[PDB]
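Trainee: Go ahead and model the full structure; you've got the sequences and the hints to work with.
The primary structure of each chain is shown beneath.
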Amino acid sequence: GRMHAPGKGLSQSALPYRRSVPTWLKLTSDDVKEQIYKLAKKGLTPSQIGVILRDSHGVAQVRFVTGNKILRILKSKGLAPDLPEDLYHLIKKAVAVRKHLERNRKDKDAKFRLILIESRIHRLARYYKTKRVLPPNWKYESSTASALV
Amino acid sequence: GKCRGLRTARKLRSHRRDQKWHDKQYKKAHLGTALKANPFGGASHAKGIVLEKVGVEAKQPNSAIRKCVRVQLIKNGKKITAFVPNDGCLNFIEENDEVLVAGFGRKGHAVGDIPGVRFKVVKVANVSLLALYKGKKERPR
Amino acid sequence: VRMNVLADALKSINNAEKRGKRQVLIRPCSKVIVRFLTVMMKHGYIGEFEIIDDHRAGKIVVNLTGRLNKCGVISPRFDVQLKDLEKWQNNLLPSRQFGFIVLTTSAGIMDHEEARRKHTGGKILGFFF
RNA sequence: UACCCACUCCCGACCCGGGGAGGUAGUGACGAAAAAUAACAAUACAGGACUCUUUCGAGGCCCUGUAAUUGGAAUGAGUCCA
RNA sequence: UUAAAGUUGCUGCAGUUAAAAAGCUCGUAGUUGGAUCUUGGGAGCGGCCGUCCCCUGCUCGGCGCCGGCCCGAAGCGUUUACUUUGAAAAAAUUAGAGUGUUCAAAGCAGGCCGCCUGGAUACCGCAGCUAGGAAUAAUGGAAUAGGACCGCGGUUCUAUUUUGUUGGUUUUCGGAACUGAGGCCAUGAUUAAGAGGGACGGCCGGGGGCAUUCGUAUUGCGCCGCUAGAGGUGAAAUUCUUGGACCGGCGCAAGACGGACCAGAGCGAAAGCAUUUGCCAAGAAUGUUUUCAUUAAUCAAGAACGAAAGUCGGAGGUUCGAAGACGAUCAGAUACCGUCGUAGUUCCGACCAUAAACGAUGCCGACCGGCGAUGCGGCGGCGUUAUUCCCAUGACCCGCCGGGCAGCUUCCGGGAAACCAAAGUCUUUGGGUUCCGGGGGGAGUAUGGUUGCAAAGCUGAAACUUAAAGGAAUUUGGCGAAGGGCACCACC
RNA sequence: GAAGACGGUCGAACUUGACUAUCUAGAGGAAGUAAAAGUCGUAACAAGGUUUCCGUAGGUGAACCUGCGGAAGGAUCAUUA
RNA sequence: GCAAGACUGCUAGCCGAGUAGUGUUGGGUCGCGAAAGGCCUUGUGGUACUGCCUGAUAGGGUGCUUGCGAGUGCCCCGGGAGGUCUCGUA
Numbered sequence: 002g003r004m005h006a007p008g009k010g011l012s013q014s015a016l017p018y019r020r021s022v023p024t025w026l027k028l029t030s031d032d033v034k035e036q037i038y039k040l041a042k043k044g045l046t047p048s049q050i051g052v053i054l055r056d057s058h059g060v061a062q063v064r065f066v067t068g069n070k071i072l073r074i075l076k077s078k079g080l081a082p083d084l085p086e087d088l089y090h091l092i093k094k095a096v097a098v099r100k101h102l103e104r105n106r107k108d109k110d111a112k113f114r115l116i117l118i119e120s121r122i123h124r125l126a127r128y129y130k131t132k133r134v135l136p137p138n139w140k141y142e143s144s145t146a147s148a149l150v
Numbered sequence: 002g003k004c005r006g007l008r009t010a011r012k013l014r015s016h017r018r019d020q021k022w023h024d025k026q027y028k029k030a031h032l033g034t035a036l037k038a039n040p041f042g043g044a045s046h047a048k049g050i051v052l053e054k055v056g057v058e059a060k061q062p063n064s065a066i067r068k069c070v071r072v073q074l075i076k077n078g079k080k081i082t083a084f085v086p087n088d089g090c091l092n093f094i095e096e097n098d099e100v101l102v103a104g105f106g107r108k109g110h111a112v113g114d115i116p117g118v119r120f121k122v123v124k125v126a127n128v129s130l131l132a133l134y135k136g137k138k139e140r141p142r
Numbered sequence: 002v003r004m005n006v007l008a009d010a011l012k013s014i015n016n017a018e019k020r021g022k023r024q025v026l027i028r029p030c031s032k033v034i035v036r037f038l039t040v041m042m043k044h045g046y047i048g049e050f051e052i053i054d055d056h057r058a059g060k061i062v063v064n065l066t067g068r069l070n071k072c073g074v075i076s077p078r079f080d081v082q083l084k085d086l087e088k089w090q091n092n093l094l095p096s097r098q099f100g101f102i103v104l105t106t107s108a109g110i111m112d113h114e115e116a117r118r119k120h121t122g123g124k125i126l127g128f129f130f
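Residue numbers (the UniProt record's numbering), protein chains in the order written: chain A, 2 to 150; chain B, 2 to 142; chain C, 2 to 130.
Derived from the structure by calculation, the hints contain no laboratory data. Hints may contain errors.
[As the list claims (entries may be wrong)] Straight-line alpha carbon distances no greater than 25 Å define the calculated BS3-like cross-link-like pairs of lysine-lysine that follow:
{"#": "1", "chain 1": "B", "residue 1": "3", "chain 2": "C", "residue 2": "60"}
{"#": "2", "chain 1": "C", "residue 1": "124", "chain 2": "B", "residue 2": "3"}
{"#": "3", "chain 1": "C", "residue 1": "60", "chain 2": "A", "residue 2": "9"}
{"#": "4", "chain 1": "A", "residue 1": "9", "chain 2": "C", "residue 2": "12"}
{"#": "5", "chain 1": "C", "residue 1": "124", "chain 2": "B", "residue 2": "12"}
{"#": "6", "chain 1": "A", "residue 1": "42", "chain 2": "A", "residue 2": "78"}
Mentor: The following block contains the structure:
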């Protein structure tokens with residue numbers, strides 16, 4: 002099931018069969034790109050961009066109304082952050098666990114979950130080095146909290 | 002095998018090698034301690050000198066005494082006990098004679114009724130015990 | 002985790018034949034399962050199948066007759082020369098009169114006697130009888 | 001604590017000399033292949049085979065066997081001119 | 001020494017109880033890896049099917065030809081294994097054709113009245129070399145376009161067949177490097193796995209850590225009235241007591257633990273978790289038309305946690321209490337029982353890594369029967385209650401979905417049986433991956449190494465002895481077991 | 001053009017000294033095996049007469065016993081608002 | 001604009017009126033609830049059945065017989081009177 006958790010699970014999205022835009026929506030694709038630009042300028046993550054674009058304007062998927070995805074448009078303009086958002090969230094969770102363990106010493110379970118989070122970071126960093134996104138000399142040490150966010 | 006990969010050859014070769022080396026019948030022949038423990042050194046027959054004749058005890062359901070001759074070898078001077086097979090053949094062996102000690106047949110195990118021995122006698126005074134038992138020849142003096 | 006889709010699918014239809022069902026849905030779809038059920042239908046052991054088309058890895062539903070006994074698999078894909086075909090078909094085929102073993106070649110996915118008559122070997126894929 | 005360069009070859013001025021290289025023997029139950037110590041007759045004896053006497057009993061020429069019996073035809077080991 | 005030995009298991013072992021899952025997670029080498037890229041068209045030899053032709057191109061010269069087509073070829077059209085052919089692959093020995101060593105093991109001889117002759121072949125795993133095939137695992141281009149294609153336009157260095165016999169010229173003929181603008185393409189990204197990571201909203205749980213508060217009970221101190229007794233056993237005593245033991249009541253002080261609710265219930269990888277409230281940090285589950293796009297379970301060598309007791313320095317020392325001291329049961333108690341009683345039991349730290357740490361059953365993934373309850377979250381529907389009306393919320397009920405501890409029946413099927421929805425999909429053996437055992441003792445023992453202040457933890461034999469030690473189950477036996485019936489050789 | 005000599009190089013070997021592996025005295029103690037008869041008691045197997053077993057501590061002639069924490073391989077698959 | 005169906009709230013003449021007053025937890029049009037008075041056509045029939053309280057003959061806490069377990073009956077008023085209700089008994 003899960004990579005670190007013991008139990009299994011089954012909860013994920015299920016995209017429908019039809020590769021067609023909805024007929025009732027007359028919202029122009031250039032306009033959809035314009036909300037993608039302005040909500041990305043507001044400073045959110047592409048999962049949040051997708052859920053708000055699905056929520057307010059009621060579009061099924063970006064990939065049907067347009068030809069690309071959200072991160073493809075963000076890297077086409079160039080205002081996307083260099084750090085990936087999942088690595089950013091995992092690093093922020095790790096430094097939150099480190100700040101929790103700064104004051105608590107006997108908490109062995111927090112140290113165990115810290116080892117698990119660092120294991121997941123080391124597992125994903127080699128893939129992001131392999132697919133040539135991150136520089137080859139990049140590495141996550143135990144002290145990178147003032148320079149890396 | 003437990004591992005059934007295409008490119009997992011000497012994993013299984015090493016596992017076979019370790020569990021073959023960790024056997025007993027295989028370990029009896031491939032270690033020098035077994036040959037250094039046997040006084041024969043892998044030899045079928047051996048020569049030795051008789052120094053005394055001893056009566057040994059027997060097992061539980063068959064109560065008797067058996068006749069074992071003590072034989073000293075020439076390879077190392079080790080003091081071992083043999084066993085005269087046939088009936089009425091103890092009197093042919095006295096002190097200071099050469100005998101041809103051999104095996105018995107259970108790879109150096111105490112066979113049947115006589116504890117503490119693993120070898121018997123085949124020849125005495127350069128003639129076989131069968132000849133001295135059946136009266137085929139005469140013992141020299 | 003699912004790596005060999007073929008072995009799981011053929012064990013699924015093997016258990017479906019053993020239990021006594023008539024239709025069974027195997028989850029993954031590759032080209033190799035299509036070719037194996039194709040030559041399965043060509044050599045007359047099972048009923049005609051349907052492949053459902055989705056926008057993902059599809060599924061296959063098969064109508065089953067009672068003519069099949071065992072649908073095995075060989076993992077991994079050992080290479081088979083023409084001098085070594087008798088070595089496999091003596092100890093894996095239940096008899097010489099029937100029982101049919103398939104191996105993938107440079108020409109296509111096809112059985113052993115056609116490989117003998119066109120003189121081309123390849124790696125072994127599976128078997129049935 | 002054998003005989004010889006004749007067969008197969010080899011150095012050397014060289015048809016012609018030499019070679020325990022080799023060959024020929026004797027010892028030899030490492031081991032392998034072939035293959036003697038028996039065949040021929042029946043009274044003395046249990047009937048199986050074919051027909052009758054409910055069953056013993058005649059014909060039984062092929063008889064399954066077997067008792068230091070008989071006139072026997074044969075070949076070898078070994079002795080031994082060549 | 002080999003087959004028997006399916007008792008070394010590549011084919012082809014076993015792991016709940018017969019020998020054997022490290023206590024449980026993380027994790028580097030190695031191993032194993034989701035789907036998908038090209039099919040058909042045109043006609044034939046024949047009674048619709050079996051043979052069967054095409055599926056990259058631009059210089060030298062050729063069954064031919066009347067400036068142009070085809071054919072032969074020095075020059076080439078990314079790459080591994082597999083598969084078939086080909087070369088090169090000492091002889092005897094292995095298999096094997098030929099012939100009367102009289103047979104045969106051998107040998108390459110031999111036959112017709114000078115001649116005929118054979119004295120071959122097959123095999124020689126791998127690795128190296130050359131070729132028609134792209135089914136199978138990966139390689140590979142073009143995404144900040146230093147992307148392809150016919151072309152347009154400039155800078156620098158050099159080969160001769162061209163410029164009155166000739167000293168001499170850039171050329172023309174043309175080689176290479178750089179290079180500015182535009183056109184042209186169908187201008188370049190397959191999806192979203194009943195794989196994985198992450199984000200979002202409600203929530204769930206004795207999950208953790210820190211700080212709090214509460215509840216009796218134990219023991220002791222201070223006071224009050226009371227009497228000569230609390231100690232314990234099928235049986236007494238050692239214990240304390242007019243120096244007031246014991247009990248009842250009022251207050252103070254310390255320490256331990258959170259009963260009844262408290263369940264074949266929940267959480268955590270495992271050891272383990274139960275008084276209230278507050279703070280911090282996660283995590284499974286359900287919901288998704290969100291995001292990333294093969295990131296994937298498995299783990300040599302390496303790391304964190306780890307019941308109880310064990311050692312080391314402090315604080316407090318109430319109950320309980322190894323050793324130690326007595327009384328009886330006893331023939332003998334140094335053991336059971338009763339009275340005191342040390343370390344320890346509690347926290348702050350510093351360590352070691354052991355259990356019947358046991359579901360005595362590794363982890364991931366799929367498939368194969370039913371049934372009713374239980375816990376989480378969601379999807380709807382009668383009806384009642386928050387008093388009477390209207391919607392959603394908590395609670396009741398009906399039925400569904402996904403995960404988990406589980407329960408009942410079941411020749412599914414398996415096994416030696418007890419039994420098992422896995423302990424099945426195993427001779428009809430093959431989904432992938434770590435660890436561990438070949439008779440029982442000697443023995444987790446000698447010794448070596450290694451961690452440890454200390455006990456010990458891991459690795460780990462040999463010699464010698466025996467033919468048994470062991471697992472499941474019916475019947476006899478005897479119980480200082482349970483439950484029945486019988487008798488005047490038992491009782492009333 | 002011999003003998004002989006100073007230098008170089010390869011160098012067998014010798015003396016001194018350390019170290020390493022095998023065999024053999026080895027005073028002495030600690031153990032198990034092969035057996036049929038000698039004393040204390042039967043520790044465990046039937047509620048083994050104190051239920052058994054596993055880790056960690058402690059003394060004893062002996063199997064053994066006692067805390068602390070677990071197990072059912074136990075005699076309980078179950079105790080009624 | 002035609003055009004009737006399906007069920008339903010209350011009042012037992014209608015207006016005052018769902019008006020004072022009450023109120024839950026989170027709401028709303030909000031449940032519960034008379035009256036002084038007026039206009040007066042002048043105020044409906046069959047049929048049950050009732051321990052107490054909170055807060056309806058509602059819902060739910062809970063009752064009585066005598067030892068036991070369960071049934072019978074159990075609002076008020078007037079009158080006729082009798083004297084311990086059954087089913088089996090841990």
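Trainee: Evaluate each hint against the coordinates.
Mentor: Hints versus structure:
1. Restraint check for residue 3 of chain B and residue 60 of chain C: the C-alpha separation of about 31 Å exceeds 25 Å, so the hint is violated.
2. Restraint check: the Cα-Cα separation between residue 124 of chain C and residue 3 of chain B comes to about 22 Å, which is no more than 25 Å; the hinted pair holds.
3. Between residue 60 of chain C and residue 9 of chain A, the direct Cα distance comes to roughly 23 Å. Compliance with the 25 Å bound is thereby established for this hinted pair.
4. With a C-alpha separation of about 23 Å, the suggested pair residue 9 of chain A and residue 12 of chain C falls inside the 25 Å cut-off, and the hint holds.
5. For the hint pairing residue 124 of chain C with residue 12 of chain B, the CA-to-CA distance comes to about 23 Å; that is within 25 Å, so the pair holds.
6. Taking the CA atoms of residue 42 of chain A and residue 78 of chain A, the gap is about 12 Å. The hint holds against a cut of 25 Å.
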